[PDB]
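Please put together the full structure from these sequences, using the hints given.
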Amino acid sequence: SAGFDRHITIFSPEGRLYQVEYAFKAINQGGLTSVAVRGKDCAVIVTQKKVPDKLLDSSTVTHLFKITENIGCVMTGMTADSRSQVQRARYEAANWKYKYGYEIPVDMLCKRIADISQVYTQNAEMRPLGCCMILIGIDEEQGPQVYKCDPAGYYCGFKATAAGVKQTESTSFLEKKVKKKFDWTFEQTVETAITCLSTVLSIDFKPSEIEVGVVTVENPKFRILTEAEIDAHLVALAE
Amino acid sequence: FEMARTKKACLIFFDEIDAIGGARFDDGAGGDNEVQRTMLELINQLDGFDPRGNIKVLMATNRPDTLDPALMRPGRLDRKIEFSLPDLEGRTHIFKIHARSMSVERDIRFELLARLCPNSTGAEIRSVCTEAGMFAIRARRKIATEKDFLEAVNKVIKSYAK
Amino acid sequence: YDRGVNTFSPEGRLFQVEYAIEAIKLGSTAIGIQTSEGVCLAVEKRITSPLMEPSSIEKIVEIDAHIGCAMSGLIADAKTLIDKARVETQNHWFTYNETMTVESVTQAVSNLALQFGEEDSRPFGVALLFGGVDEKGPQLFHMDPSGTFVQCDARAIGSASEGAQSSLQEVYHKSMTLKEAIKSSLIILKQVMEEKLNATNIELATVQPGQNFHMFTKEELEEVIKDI
Amino acid sequence: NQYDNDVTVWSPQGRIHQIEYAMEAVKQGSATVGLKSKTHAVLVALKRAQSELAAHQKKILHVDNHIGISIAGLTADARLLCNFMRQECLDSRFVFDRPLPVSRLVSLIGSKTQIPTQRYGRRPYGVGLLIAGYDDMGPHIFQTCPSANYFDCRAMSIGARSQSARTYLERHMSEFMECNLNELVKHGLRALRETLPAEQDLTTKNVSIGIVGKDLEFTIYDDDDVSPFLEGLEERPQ
Amino acid sequence: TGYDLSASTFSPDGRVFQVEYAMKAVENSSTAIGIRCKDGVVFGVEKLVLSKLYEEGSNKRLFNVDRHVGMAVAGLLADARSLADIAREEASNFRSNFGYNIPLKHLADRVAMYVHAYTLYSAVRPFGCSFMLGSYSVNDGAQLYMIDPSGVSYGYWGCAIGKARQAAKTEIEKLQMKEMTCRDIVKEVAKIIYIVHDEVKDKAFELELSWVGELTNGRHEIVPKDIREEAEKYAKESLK
Amino acid sequence: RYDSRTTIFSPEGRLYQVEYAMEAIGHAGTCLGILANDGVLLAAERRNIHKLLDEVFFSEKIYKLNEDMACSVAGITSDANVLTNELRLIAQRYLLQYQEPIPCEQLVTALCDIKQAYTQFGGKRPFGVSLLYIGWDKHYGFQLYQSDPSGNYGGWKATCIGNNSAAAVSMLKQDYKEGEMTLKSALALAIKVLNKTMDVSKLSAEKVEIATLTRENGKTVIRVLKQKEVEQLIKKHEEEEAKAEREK
Amino acid sequence: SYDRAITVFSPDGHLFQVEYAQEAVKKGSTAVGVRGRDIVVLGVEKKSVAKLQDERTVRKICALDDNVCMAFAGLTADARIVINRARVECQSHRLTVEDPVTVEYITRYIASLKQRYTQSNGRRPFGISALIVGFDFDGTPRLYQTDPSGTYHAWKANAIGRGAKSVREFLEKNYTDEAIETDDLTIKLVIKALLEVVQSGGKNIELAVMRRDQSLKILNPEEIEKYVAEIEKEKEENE
Amino acid sequence: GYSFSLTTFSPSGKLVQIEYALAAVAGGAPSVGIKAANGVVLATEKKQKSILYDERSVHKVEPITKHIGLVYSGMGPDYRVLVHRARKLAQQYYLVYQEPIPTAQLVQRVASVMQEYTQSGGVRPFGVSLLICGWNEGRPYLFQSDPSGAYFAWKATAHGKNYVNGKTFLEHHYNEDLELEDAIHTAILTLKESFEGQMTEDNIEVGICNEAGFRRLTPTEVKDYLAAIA
Amino acid sequence: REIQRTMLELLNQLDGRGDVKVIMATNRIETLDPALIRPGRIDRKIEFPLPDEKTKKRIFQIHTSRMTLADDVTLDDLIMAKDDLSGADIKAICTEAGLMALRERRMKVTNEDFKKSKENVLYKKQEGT
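Chains as they are written, first to last, in PDB author numbering: chain H, 6 to 244; chain A, 261 to 422; chain P, 8 to 127, 134 to 241; chain M, 4 to 241; chain N, 5 to 244; chain K, 4 to 251; chain L, 2 to 240; chain J, 5 to 234; chain B, 303 to 318, 322 to 434.
If you are wondering where the hints come from, they were derived from the structure by calculation, not from laboratory data. Take these hints with a grain of salt, some might be off.
Claimed, not checked - Derived pair list, reagent style DMTMM-like, types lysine to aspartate or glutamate, alpha-carbon separation capped at 25 Å: (1) P:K91 <-> L:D100; (2) B:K359 <-> L:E197; (3) A:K418 <-> B:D394; (4) H:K185 <-> J:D58; (5) K:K210 <-> J:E175; (6) N:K109 <-> H:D62; (7) J:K70 <-> J:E175; (8) N:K191 <-> H:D62; (9) L:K48 <-> K:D116; (10) P:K32 <-> L:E20; (11) N:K56 <-> M:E178; (12) L:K52 <-> K:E183; (13) L:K166 <-> B:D394; (14) A:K418 <-> L:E20.
Unchecked claim - Label pairs and their calculated CB-CB ranges: (15) L:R5 <-> N:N68: 47 to 57 Å; (16) B:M309 <-> L:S216: 51 to 61 Å; (17) H:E145 <-> J:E103: 29 to 39 Å; (18) A:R323 <-> P:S62: 37 to 47 Å; (19) B:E432 <-> L:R5: 45 to 55 Å; (20) K:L92 <-> L:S93: 20 to 30 Å; (21) L:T97 <-> H:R93: 48 to 58 Å; (22) B:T400 <-> L:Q215: 50 to 60 Å; (23) K:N167 <-> L:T97: 16 to 26 Å; (24) M:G141 <-> J:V127: 29 to 39 Å; (25) A:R375 <-> B:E432: 34 to 44 Å; (26) A:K340 <-> B:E432: 55 to 65 Å.
The beta carbon of each residue, even a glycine, is placed where N, CA and C say it ideally should be.
Next comes the structure, spelled out in structure tokens:
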């Protein structure tokens, strides 16, 4: 068991994901939680912005990162790995518009991040960025799209997803809720995201302890909510 | 120590005190670990100039760098002494001593034999004297000679240093 | 402890340089002596088999007409440094159009030796003595494998280095004639190399300000070989 | 103990003990001193002997006509750094014809000393450097260490048997600043005399000095050049 | 422990130990605090003076080699000297490439990029130092950021790093950092540094201050409170 | 523990990693070049005979490296696949440069040089391929060669590598035909060796690969045998043993 | 330090890992070489061709140039690589450079090559010793021993391989002050030295001669019986 | 132990590290492929390991060329990276050699790309085994490529989880005279044999190389066999 | 690492002389540290060459003294050609030849038994370069 995981290049006797799951445990060491939902024409990301201390400039402590104005991102895990990978996605999108020019789908962007992570995995030089992204975007007549990528090089499109400390139980609540054909309206999407976080956070939703972002066909500009807007959308569950 | 004090005062001496007076090695994580159980019972139950009964004690080892400062400090040691390879006067005097240790043609130029030896020990001097004895034996000669001493010295000086 | 030179001892010493210091002893005895009359060098020629070419053990060598070298250690790594010392004189010829001092040859060989710890190869197991009659007069210099260098009025390297050095400290001063320095060196050499002296196990060379020529004082030095 | 390796590895305590091993490698014997005044800066390094037929080794180098240094060990990295300082001064004269000030030169040397400490494939520096200089701002004494730090000092001393010298310098820092050249070198040599072994008195054959000032380049003095500075030395009372 | 020796190896659980040892290295370092004001930032840093060999003042830890970038550091000092050059570069690089001053958030990103990247590769290790950005610009006022050698970095009203990282928080929160002028923030920072281990153990001690704001044209000056000593005497006011 | 790295002198002075590369053949597929003069052949046995193997390769142990030179391989499949095409690249380069077909011996030495180089440098692994060579050249004509992963080589009149090489060399000593090494006598030897060296009983010919080379039409030809003709050859072996039966 | 690596000294200055070259050479073939009155003569034994095997491809001696060749005791792959280096080196140097090639020059080059391959990690120094004999060095033939360590020397007569043990004494037992006269006594002393080989009868004892002016000449099987009979008769008459 | 490097031998004259990647392949999801007179079938079972997954967006059958189909067993990231590399090799070959690449040449060159990692300790192999299929000159082709850089030609094969079961099942039904729709029936049969739990056409995907090109099957077309499959 | 302390114990038992005589022996003498084989204290260094001709005759005769020889094999061909073999190899040859005669029920040992005995035995040593 031991020894066969001290370098990323080493395959286990069973060919298992030792160092990959070590990176995932490092992600869990970044003790925050995030959730994302998709809908008929809307998609929402949200992160557990548990206020670390009052001395931090709350505007800067974001884990939501607008990489391109149509592309929304929510991150979980290592802090500086988060920074590096978000910057890498920014540079990938900039290059995509530099050489091809046309829009980069969330599909293609998260796939590029994923196979770059795989390139990290294939070489002993590079430690894969111990952080997971959920990306959201708009594509042709498909409504919004939500995809997830992570240090394994995994890459999947989701109707809903989650990550972080409450990853398993948040995904369980999703699989309890999204497991039905229903009217997933924008108000319903806000309801689903806030209920997903409210079933795992156990603390009542003050306007300042989370970050909410959204991408919707009706307004393809990716958004990040402020405290007042957070409350003005939590009233959808205060009802 | 108890059986020595049952004697009418006694003198006790230890050799390779490095292997005994050497301090704790935790990072070994086991192995031939009996040292760690025994050695302090020398070092810490040992007495010095003040706490010592009617007993005289002497230590020795070829490697002092590893010894526990507890042995180095008092209550264990009252003096430390250093030696080297026998000097030219020393090497001459060793052969002077060993001229008693055999029957030889006692007209030897030990003064030159000690110089034909470069930097060398004194145990090898004893070995060389017995090696001149070997020279007599292989020749079946009833007495040793200066040529036996010369080529017995060269036995080390040439073949141990060629 | 001592896998590489990237780290020192818990005392701060490298566990490599002193290894070169005793590796000095894997070769035969060697002597260098500076006098106001010049510089002389000597090495024991003790053969493996006399039917080897007896000059092929080139442990006493000329670097140029005014400069010579002696070595202690393995001949292989010594060859590189000796070749460096020889080629720098021709580099001076082709660049400055004049001769090169033994001090700067010493400095260049020192910087070539000082490469294994600050590249970006490996330590050299040889100690070198140069004797020159250069633009600054007679000049004997010594390098250990560490890449440092020091002026020496005399010096001893190789097997039985330190005994010869200590005994020579009784019979030396800065400015005698090189001939009596040769005699005093030989009366100690006779006991340092093996037992007895001849071309199979002795070799010596010298250079003088009155002789910027023929450092290879061999087989014409025969008289002082039989003076002792 | 596993954590005694490449400067890339931190010990669990949060330290790189190999740098401390280089620092202790610096502390291995005879004394060196450095100290400056309003008018001048001075460094001294005793040339250690080897035998009665081998020469004392020089330990003082000249960098530029306003700066010089002093070196402790087998000079593996010390002399290379001295040559780099010389080339940097040459580049300063190539760009603006000026001997660049001491402190802003030593800052780059500190950065260079730090550079290996982050990466593999390069041992840490095994020498400590003393520096005496003067510039368009004033005279300065600097010193650098394997820990890549640089210090502007009124006095400094690296090696062993020098804690007495360090204490004398700590006592007469009250004087070092206002002294002239001669008084400053007298103070340094008094600190050195505080380092005398039991069986010895200071000899010309080993004492070697480097001196710089507001009206003097960095220059090196030996034997009978040191003696005009050795006069005025502390006596031997009890 | 164990899966420790390289920064490119994730621990089986938790986070990289090669970085936690740099974290613990920062713990032995001398304290440094930073507080913003209306038009700029102020820093207060404590440092030993070794012994009387020291020239009564030397090798200070504050630096100012930029138009608007103010910096404080803690941890291993030589790594901090090597690290400040990254910001010195990036500011001028952005200003020349795009024609205007870089936003401080982007600077805090692109300076800590190198620090974290030296953890990704087993050949190297991150800088063993934390740093403290504080600057002022026309379109966003005055801002202040912490960067930790692990690469953790965020904006702040005021913060403290060193051998006193936790206690000084209670001293920071009692200042109206949004309103109070840098002239008075200098004195407040001086007395706060004096309160939290002035010379309790490191008795051979010296204190240094910072003053960067638009009244200083956004530039950083090492405010000389050795003269007129009003911050010095105001700090000594708190001793009893 | 001197085998822990590729480039290590043992106190025996032996490089145990190269010796391990030698040992790797101890489980490789068998292939032989029988004693053949006026022609030359290489034959081998197949490990992968299975009900669903497609065998669209048409050759997986014998490999034709040039229009007049062929090779047979035992060892690492991937190293074999890269080395057999390195052979073709060497032939193409030599033809482009000299405008002449490469000699067999020079080709063997050149490729063994690459193998030796890979055995010499750290951070590198020897190609786990041992292999036999046949071809015609202006220097000697038909030749038979053997080469090790270490870069060692030898010229042979008959040889075999892989599993059960001891029995093959023993019967090659037994059925030796020095000088009269005509190709059809080599086929007669093959008929028995294919059933003998193979650990099988009552060998089926489809597990066997056979190829030959001869100056039949002046411009040199290389031939490969299909299932039916090898079955007829094995039938001739069967009737040889079924007439030796008269004394069994 | 220990013998686990070449590039570090033993705590007594030894280089055990390098010094293994002696038994590295010793377990190869057996060869002897001399320079006669003018003509150098070399001999090899220990072929032991296994019936279908040949010594033709074994090539213990290869002629590099019309005035230089060597003998290759040690592993055969490294011997062939040394063939391809030295032969092409001397050929190109003579064909292109203003100066000709000599056996001294090729010995220098091989010594430098082996020393340089000792000068680095991850590069195995060649495990072969060799007798390199040349016809031209200012017109005079001579002989050299070369060793994996990069050391080289000149000899009047030497032996390499498993015969390097006894012949060191054997030569000193019978080498006259007279350099072995003409080719008669030169080949006779070659046969005497090679008598330490298995049977000394010429059954697998072969030799070659280079006359200091003409290229390597082979004592081919149609004639080597004459030299074998000469050696046998000389050993029989002196009994 | 010797698996800590890929460029050193075990005493058995083996390379331990490669069979570990093969074990990872064995842990991969099942894949199966067979040939019939009309073309070649490749198929793989897909799971909504979480129902959250976008079913129709992600795929495992991938077209290298419009006459070459490819499916895999093993890990997804390495698989996708090697598929992009294989495409960037195959289309380059089509451009340079003035010919649509033969299936055997494509398999060999992808195997060489795989072999590239079988030397030096700085890189690791892909943990993926590929089933490759094609149509060339009216003739169907099927191949397997493995992490070792080795490759094989199969008339019918299956690998991944329960791979030996797939082998035995194919031996129970395969004949070289199959017609491609009954070939689809046997392919979905072995896919249903391989996986546990209820199965539908959305949890299965198939690619077909007809002599009229390669194409992936639509869930609408997969429904033609999902119902009335025994 | 007790082997070095045992080495010091060995030199102590040798010198510290008395009646007991102490033999050392091995084939791999070329590796030994001069601290162990120190000439001047270690008295004699005896050597066996490879068994010469007359030695080998005596060894083959003694090792064949028990089995029923036949005049078709005078052991000369097995004995006098070269640096053939050691005495233990001779003993092994005789034993295997006896077994060889046993399996063929030849309770009269013949030349061919010894011939294949050599043919089998001589291959049982490892290779070189």
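So, going through the hints one by one against the coordinates:
| no. | hint | result |
| --- | --- | --- |
| 1 | P:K91 <-> L:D100 | holds (22 Å) |
| 2 | B:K359 <-> L:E197 | holds (17 Å) |
| 3 | A:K418 <-> B:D394 | violated (37 Å) |
| 4 | H:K185 <-> J:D58 | holds (14 Å) |
| 5 | K:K210 <-> J:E175 | holds (19 Å) |
| 6 | N:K109 <-> H:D62 | holds (11 Å) |
| 7 | J:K70 <-> J:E175 | violated (30 Å) |
| 8 | N:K191 <-> H:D62 | holds (23 Å) |
| 9 | L:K48 <-> K:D116 | holds (22 Å) |
| 10 | P:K32 <-> L:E20 | holds (16 Å) |
| 11 | N:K56 <-> M:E178 | holds (12 Å) |
| 12 | L:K52 <-> K:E183 | holds (15 Å) |
| 13 | L:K166 <-> B:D394 | holds (23 Å) |
| 14 | A:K418 <-> L:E20 | holds (22 Å) |
| 15 | L:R5 <-> N:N68: 47 to 57 Å | holds (53 Å) |
| 16 | B:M309 <-> L:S216: 51 to 61 Å | holds (57 Å) |
| 17 | H:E145 <-> J:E103: 29 to 39 Å | holds (35 Å) |
| 18 | A:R323 <-> P:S62: 37 to 47 Å | holds (45 Å) |
| 19 | B:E432 <-> L:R5: 45 to 55 Å | violated (25 Å) |
| 20 | K:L92 <-> L:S93: 20 to 30 Å | holds (24 Å) |
| 21 | L:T97 <-> H:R93: 48 to 58 Å | holds (53 Å) |
| 22 | B:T400 <-> L:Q215: 50 to 60 Å | holds (56 Å) |
| 23 | K:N167 <-> L:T97: 16 to 26 Å | violated (52 Å) |
| 24 | M:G141 <-> J:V127: 29 to 39 Å | violated (57 Å) |
| 25 | A:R375 <-> B:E432: 34 to 44 Å | violated (52 Å) |
| 26 | A:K340 <-> B:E432: 55 to 65 Å | holds (58 Å) |
Checked against the numbered hints above, the structure breaks hints 3, 7, 19, 23, 24, 25 and satisfies the rest.
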